[PDB]
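Engineer: Since chain A is already given, all that's left is putting chains B and C on it; use the hints.
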Amino acid sequence: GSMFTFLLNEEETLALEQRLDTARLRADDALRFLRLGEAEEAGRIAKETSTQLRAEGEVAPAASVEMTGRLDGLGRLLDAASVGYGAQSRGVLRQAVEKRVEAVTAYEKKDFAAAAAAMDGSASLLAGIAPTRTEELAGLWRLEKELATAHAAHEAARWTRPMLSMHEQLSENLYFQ
Amino acid sequence: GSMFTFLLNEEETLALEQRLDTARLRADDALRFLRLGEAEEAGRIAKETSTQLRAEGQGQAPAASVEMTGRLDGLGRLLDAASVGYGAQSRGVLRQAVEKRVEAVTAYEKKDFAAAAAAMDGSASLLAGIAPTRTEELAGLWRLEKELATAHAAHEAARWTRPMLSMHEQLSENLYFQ
Amino acid sequence: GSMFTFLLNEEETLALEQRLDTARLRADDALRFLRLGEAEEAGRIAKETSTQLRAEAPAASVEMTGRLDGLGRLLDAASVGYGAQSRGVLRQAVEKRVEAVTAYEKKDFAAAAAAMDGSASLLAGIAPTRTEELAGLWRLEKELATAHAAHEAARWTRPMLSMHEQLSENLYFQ
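Protein chains in written order, with the working numbering: chain A, 551 to 727; chain B, 114 to 291; chain C, 384 to 557.
So here's chain A without its partners, still in its complex pose:
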């Protein structure tokens, strides 16, 4: 095809990339405890990870991108919950998955408010798998929502910053503005 190559000034994001990568490892291990029926420890890890992510932390993605990421976070939570509690709680887990199906239907219609509401419903239903650990399950869902938003903002800025530089260069070259 045809290639146009720009030389731009680097924006370094490595320490931020590693920080989100580490938060993702932490959330994964909280979910590994949930896969073993250990909601107390899963919740404690999630609370500390959320705390650390907020303490150490322009252009926002489109709402559709936010919901794509949050759907993935809900999927991770449901999959962990299903391994950890499917021996006993398939009734409640089926309800939670049904709600996630409604979230995808809303997402497909571009009704992102209904998508977000259905996803919150899905996570609330999981409280029924460990009713003495509902705060922990709620913290796991908050962490997944927080990591989804954080990754989407980093993925947005990763390409927005160079596209803005290119756009501004072409604007100067073509219109002398």
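Any given hint might turn out to be false.
[What the hints assert, rightly or not] Derived pair list, reagent style EDC-like, types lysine to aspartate or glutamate, alpha-carbon separation capped at 20 Å:
#1 B:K160 with A:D578
#2 C:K490 with A:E606
#3 C:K489 with C:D500
#4 A:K659 with B:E222
#5 A:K660 with B:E123
#6 C:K525 with C:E535
#7 B:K160 with A:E652
#8 C:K430 with B:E222
#9 B:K223 with C:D411
#10 C:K489 with A:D578
#11 B:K213 with C:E535
#12 C:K430 with C:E535
#13 A:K660 with A:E648
[To be verified] The calculated label-pair distances, taken between Cβ atoms and stated as ranges, are:
#14 C:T388 with A:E685: 56 to 64 Å
#15 B:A174 with A:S715: 36 to 44 Å
#16 B:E130 with C:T388: 24 to 32 Å
#17 C:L397 with A:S552: 49 to 57 Å
#18 B:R272 with A:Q568: 24 to 32 Å
#19 B:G205 with A:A565: 46 to 54 Å
#20 A:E705 with C:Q549: 31 to 39 Å
#21 B:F290 with C:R522: 27 to 35 Å
#22 B:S238 with A:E598: 42 to 50 Å
#23 C:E395 with B:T219: 20 to 28 Å
Simulated from the structure, these hints should not be mistaken for lab results. Where a beta carbon is used, it is the ideal one built from N, C-alpha and C, also for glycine.
Structural biologist: Positioned in the frame of chain A, the structure of chains B and C alone reads:
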């Protein structure tokens, strides 16, 4: 990946990509029902998804190796879901299905892609034993995985034709790769 | 400030990549057997895959990231295959992976490597007559993380040496 991004201004290529991603979410949720032993609902979703995906593709070439790499991943997804949903009761049947997947990977490594495709169909067929009243549902899930792998490889092939941005890796002050 | 591009066909690099991709498929199917409680067959495939990988200096941080991912795949397979009866052992193993991540975050890679080995060793307890097989699974995941880190380290020296050789040929032997 993380070094490439595709401009999606054509809107019809936007809508085609979102349609494939959304059919993937649908198939994932059908597999989530299978992980809970709900083969009837898993199959109902798989058939609705296949029907809609085919209809919306109407009126709209990757190597055999590329097709099979994607189909192997679809088989992997189905096996993993069935193992969570039915491993407590049907490890005997699930073991047979995985053995057939192993044979498919051997055929794939030998570049015998016809044998690979056949061995994957045998793996999926053997899965019927975990839920003998829901054998049509289980075949519907496998067809959806194959259909999604075929569609994604096609969309991934029509990728070079679309405008795109790429970042080069800097090897030195004056030397880059892409 | 003129720009020149050398176009090179790296058939050997692609073949190396596919060899690692296929070994990933083999390792995954070993883990699939573990998810079904079939530790004997899992370890057999692991041993056979490690042998084939052997017949056919990494950066520390990259190898450690790969090892942590390998440990995650092993803990996830083991939780599915044995979580119904061996949760006490598996919980201890996950605790060690958490220690490994903390050490990794501090770039204390000796402590991270020790914790990961401890995590995998604790997994042995889920199938006490098959701990050789479970150890074999973990060795394969570490060998794969070493092979990917080695591949990444030599990713540019390979085509650079090929280019250097082609330029030398054209400049001095034509």
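Engineer: Please name the hints from earlier in the document that this structure breaks, with their numbers sorted from lowest to highest.
Structural biologist: Failing hints, ascending: 1, 4, 11, 12, 17.
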